[PDB]
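Here's a solo chain for you in structure tokens, the form deposited in one PDB entry.
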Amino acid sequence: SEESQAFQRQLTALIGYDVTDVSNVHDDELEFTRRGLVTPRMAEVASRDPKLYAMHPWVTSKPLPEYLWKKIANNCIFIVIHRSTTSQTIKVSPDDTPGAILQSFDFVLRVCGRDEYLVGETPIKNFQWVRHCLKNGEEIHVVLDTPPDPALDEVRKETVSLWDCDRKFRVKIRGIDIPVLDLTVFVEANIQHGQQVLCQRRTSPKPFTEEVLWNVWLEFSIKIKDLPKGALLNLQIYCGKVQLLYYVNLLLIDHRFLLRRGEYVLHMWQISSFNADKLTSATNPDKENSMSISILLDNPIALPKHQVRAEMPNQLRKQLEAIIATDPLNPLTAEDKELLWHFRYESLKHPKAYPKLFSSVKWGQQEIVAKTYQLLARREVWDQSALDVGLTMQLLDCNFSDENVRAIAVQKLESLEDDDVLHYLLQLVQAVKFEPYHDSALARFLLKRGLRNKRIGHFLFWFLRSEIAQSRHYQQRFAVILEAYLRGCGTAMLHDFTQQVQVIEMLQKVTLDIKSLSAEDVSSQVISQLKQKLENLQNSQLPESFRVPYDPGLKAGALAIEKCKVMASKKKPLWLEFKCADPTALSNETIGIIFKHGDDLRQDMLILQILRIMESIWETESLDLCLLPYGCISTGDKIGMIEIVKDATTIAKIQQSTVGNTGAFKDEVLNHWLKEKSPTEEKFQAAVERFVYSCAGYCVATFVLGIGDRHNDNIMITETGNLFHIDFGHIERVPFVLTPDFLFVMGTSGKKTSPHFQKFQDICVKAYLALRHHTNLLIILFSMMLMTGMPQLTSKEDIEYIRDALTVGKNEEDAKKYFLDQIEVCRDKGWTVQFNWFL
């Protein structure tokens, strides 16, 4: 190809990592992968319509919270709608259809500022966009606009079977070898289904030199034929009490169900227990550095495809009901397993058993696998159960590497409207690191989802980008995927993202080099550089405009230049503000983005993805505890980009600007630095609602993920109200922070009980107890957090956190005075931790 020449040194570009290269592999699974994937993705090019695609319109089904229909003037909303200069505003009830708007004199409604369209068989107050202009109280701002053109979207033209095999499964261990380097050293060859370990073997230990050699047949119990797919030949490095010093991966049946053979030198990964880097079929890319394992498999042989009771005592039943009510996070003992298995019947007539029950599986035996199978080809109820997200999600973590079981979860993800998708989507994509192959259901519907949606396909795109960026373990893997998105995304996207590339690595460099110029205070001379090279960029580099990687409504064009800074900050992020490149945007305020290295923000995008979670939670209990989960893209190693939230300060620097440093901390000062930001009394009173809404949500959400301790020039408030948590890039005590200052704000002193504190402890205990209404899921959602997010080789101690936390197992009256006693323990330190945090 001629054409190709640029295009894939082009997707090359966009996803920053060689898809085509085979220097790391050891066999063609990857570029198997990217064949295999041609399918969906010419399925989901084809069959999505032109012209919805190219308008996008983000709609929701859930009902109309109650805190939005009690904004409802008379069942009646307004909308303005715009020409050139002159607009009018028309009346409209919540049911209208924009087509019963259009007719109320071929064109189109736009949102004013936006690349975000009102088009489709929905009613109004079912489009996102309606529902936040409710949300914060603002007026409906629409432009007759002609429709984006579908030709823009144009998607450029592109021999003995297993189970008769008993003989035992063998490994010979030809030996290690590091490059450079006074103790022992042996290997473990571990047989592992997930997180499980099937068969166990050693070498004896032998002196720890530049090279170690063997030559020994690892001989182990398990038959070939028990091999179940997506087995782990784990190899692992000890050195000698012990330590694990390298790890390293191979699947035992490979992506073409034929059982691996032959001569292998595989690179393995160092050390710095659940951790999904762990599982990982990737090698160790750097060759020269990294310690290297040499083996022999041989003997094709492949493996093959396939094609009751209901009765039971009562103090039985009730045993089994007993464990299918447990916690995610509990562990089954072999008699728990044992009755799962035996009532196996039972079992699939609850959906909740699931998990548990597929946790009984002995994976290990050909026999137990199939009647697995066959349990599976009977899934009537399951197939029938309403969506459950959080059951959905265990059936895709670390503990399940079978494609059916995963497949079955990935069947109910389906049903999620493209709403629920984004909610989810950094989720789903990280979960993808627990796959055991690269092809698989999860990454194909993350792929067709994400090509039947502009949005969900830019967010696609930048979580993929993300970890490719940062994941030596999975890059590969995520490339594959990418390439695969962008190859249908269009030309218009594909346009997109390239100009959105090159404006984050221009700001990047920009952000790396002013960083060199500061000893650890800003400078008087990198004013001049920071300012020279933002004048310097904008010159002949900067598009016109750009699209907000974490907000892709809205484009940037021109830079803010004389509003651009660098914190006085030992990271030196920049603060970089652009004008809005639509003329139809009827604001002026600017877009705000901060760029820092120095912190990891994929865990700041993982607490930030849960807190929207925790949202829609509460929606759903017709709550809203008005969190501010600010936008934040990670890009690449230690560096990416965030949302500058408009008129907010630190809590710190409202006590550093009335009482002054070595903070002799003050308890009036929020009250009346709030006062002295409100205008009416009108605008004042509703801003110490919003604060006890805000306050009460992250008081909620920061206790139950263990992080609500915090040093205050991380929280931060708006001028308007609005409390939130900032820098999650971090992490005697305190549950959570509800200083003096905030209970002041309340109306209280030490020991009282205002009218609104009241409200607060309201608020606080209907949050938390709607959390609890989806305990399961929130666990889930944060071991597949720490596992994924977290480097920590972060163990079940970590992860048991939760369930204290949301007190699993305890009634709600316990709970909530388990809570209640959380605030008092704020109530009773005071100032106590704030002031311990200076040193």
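Each form is matched to the other, and the largest set of C-alpha atoms that superpose within 1.5 Å is called the rigid core. Numbering follows the first chain given and starts at 1. What changes on going to the form deposited in another entry:
A 2 Å or larger CA shift between these two forms, after fitting on the rigid core, occurs at just one of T326, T649, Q196, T658, namely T658. With the core held fixed between these two forms, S783 has its Cα displaced by under 2 Å.
With the core held fixed, the Cα of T794 is displaced between these two forms by 2 Å or more.
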Contents of the next structure:
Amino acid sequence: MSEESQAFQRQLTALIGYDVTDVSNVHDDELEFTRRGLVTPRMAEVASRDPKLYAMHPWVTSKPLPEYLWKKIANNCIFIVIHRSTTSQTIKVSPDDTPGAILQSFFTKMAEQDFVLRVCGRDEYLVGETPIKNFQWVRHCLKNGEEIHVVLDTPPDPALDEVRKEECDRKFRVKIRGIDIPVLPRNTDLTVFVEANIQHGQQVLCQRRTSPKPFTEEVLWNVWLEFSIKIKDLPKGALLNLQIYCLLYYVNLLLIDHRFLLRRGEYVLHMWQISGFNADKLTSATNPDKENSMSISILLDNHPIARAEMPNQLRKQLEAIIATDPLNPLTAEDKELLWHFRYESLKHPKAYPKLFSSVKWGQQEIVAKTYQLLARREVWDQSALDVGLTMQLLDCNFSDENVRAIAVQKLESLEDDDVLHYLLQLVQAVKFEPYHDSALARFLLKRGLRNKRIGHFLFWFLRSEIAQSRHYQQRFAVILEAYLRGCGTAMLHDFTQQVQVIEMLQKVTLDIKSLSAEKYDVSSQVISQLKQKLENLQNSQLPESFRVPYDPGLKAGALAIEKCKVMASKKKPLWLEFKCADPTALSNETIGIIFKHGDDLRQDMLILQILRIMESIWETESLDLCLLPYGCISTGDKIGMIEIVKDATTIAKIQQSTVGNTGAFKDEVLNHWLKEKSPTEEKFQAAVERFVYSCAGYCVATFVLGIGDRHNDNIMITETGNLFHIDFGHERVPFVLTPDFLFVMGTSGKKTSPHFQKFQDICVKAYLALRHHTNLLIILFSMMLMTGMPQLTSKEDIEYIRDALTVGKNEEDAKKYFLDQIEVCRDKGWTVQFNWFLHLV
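Let's see the other form, the form deposited in another entry, since the form deposited in one PDB entry is already up.
One chain, no partners, no other molecules: that is all that follows.
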């Protein structure tokens, strides 16, 4: 190993936030093997990407322009304003024109072919054989009434992304020797026993238990648990799952290892505890806290895996089963039917989840048939990719390598635009794989290595988990380290900049929190210190300029200490504001950023990403709802950063305006506020139209997700009329449609108007459009719960969204169902809003 090979690794370590060379917390070599595993996939992707297209990372889409953005072009001409230090001619361009082509009507329009269109003030480029209509920046401008400003500069040097050079028919059994903990005490001395489970996709194949013994600091069984399953019948991916009840602790051991060997010998496993179902319960990882943790002691002494058409009436049984939602439970009868008509089931892609849930993975012979089933995958391969279908196959119910592989195979066809919409959930999905090295992991790896925008967000999603998940940090760590070793020194440098900045600011964030009371107001002394610490940082600490983690196009510069401050909550976040490092920016506006420790922002990351998905759906059907899913990113334990949405105010503060009489409200302030922050009437109406759409979209999306019952506090509006929700960390009312909201639309307690009809129509249109993807939202929503909450109910909590999306009904009953929910809100009015407060005291 080189002397500067080890300075590389230690560089990596500090980016990663966890040291993958460490081997204190392993009982085998799976991770190191996975580090060696991923060297090929990486060096193939790095070896195959186009240096030029890679360096500029054009953000791009095949989807058609939606209806509602073509109406912003009633002339088949788009305006691009090219710049050059001072001057700038506005060039007239057809939606189908290529970057190279509109340089051909720029240079030819004057009277050297190696310049490039770069977005003014961002690290964004308009390049490669793509029609300008198909660039996200362009579409972004069209959606906002913004104009397309572009600067004529040089392509950046690919050299900046140089990657460096790297370097039996016996029944299974298991002796349970005993357990041992240093300190247990609670109050009374209860009994205790161990429960071993052979598991495969949350599915217990077999289960034994010890006699109970009294819970002393060391309990010793010296007992064989003979299982019914046989060695050969054990399927790759099967977890020996040891648990301790008196349910206190758990730990898992793969029974077949990353080399197909049968796990044999002595193991002393350090167990996880339960904070008194979710994805943590599955992890192959042991508890690294060897000093406080409970530990179980086992021994394994036990290589392997070495015509007729249907009578049209059962077909209708099948087809009804196939027609049911992912959280519909399959009865035994269902499964015997599905399985017996394998080859008929195979002709329906949507059937696969339900079909492979009907495999008996506890028998070599049936699995061997399941493998033969998959061998003829001609209907699947040719099928159109369905994301929700494909996801279902990657959740916690499917531990089979090949079942899982076929889903990954379908993802291959996603373009980056789409990978980006699902990346976070695809990352969380890695928690569901049995082995560290998996098709899914090599895919994520490969797609972020292929495109810097995905790479960037891969990083932060991986690092979010590493920083706070004992259960999955080691695995992610290995995946991340795989990536860093091929993202190229350009970005290695950019990530280092970002890690430093956020490390500095979290120090300041947490340091400030101590200084103020747990809850009351703003100490002048705290505003005094904050201003010093940031003046301290600004000089000989803070990197000249960093990329904004949630918006890597934007390079932040120096702070605006004058504008930075501590917020007026109970956790004490930092309103921070930054100059923009790019001097070609068209504007003077600041990069706003909030920094917060106290809420688990991972939840907020996830909910925001759904919102983003919902918008991509409404994009398919020519709908625009003006959701404002702001940037939000986790960085560590109960901590991270949030995008500041310029010009937004709290609806609550709009009622605190005068008095806010501990919980009084007044209807017309919201419309009155809008008039004030509108110069014309023209811009005021444009607000009411936006408030109508935003109000609609947040009403629908929030209702679907169960998070619709919120306070005015956690809801904001921009000056330009765009309502939005904040703060998704964990009588009743479905969504906020308070009498103030209805007033802006032009109504007050049981009446109708030209704009209220518009709201109703949109919600309905919008609501319906989500239901077209019912399956997708359900699988997301359920994955969400499992990988991103405390503990939860694998049926009940999920069940809500099923009821919500009004599963199994017809468009009219839905139209009706939601139109009832509206009517609930106009009946309650303030009664719930006013309630928060009543409980404070």
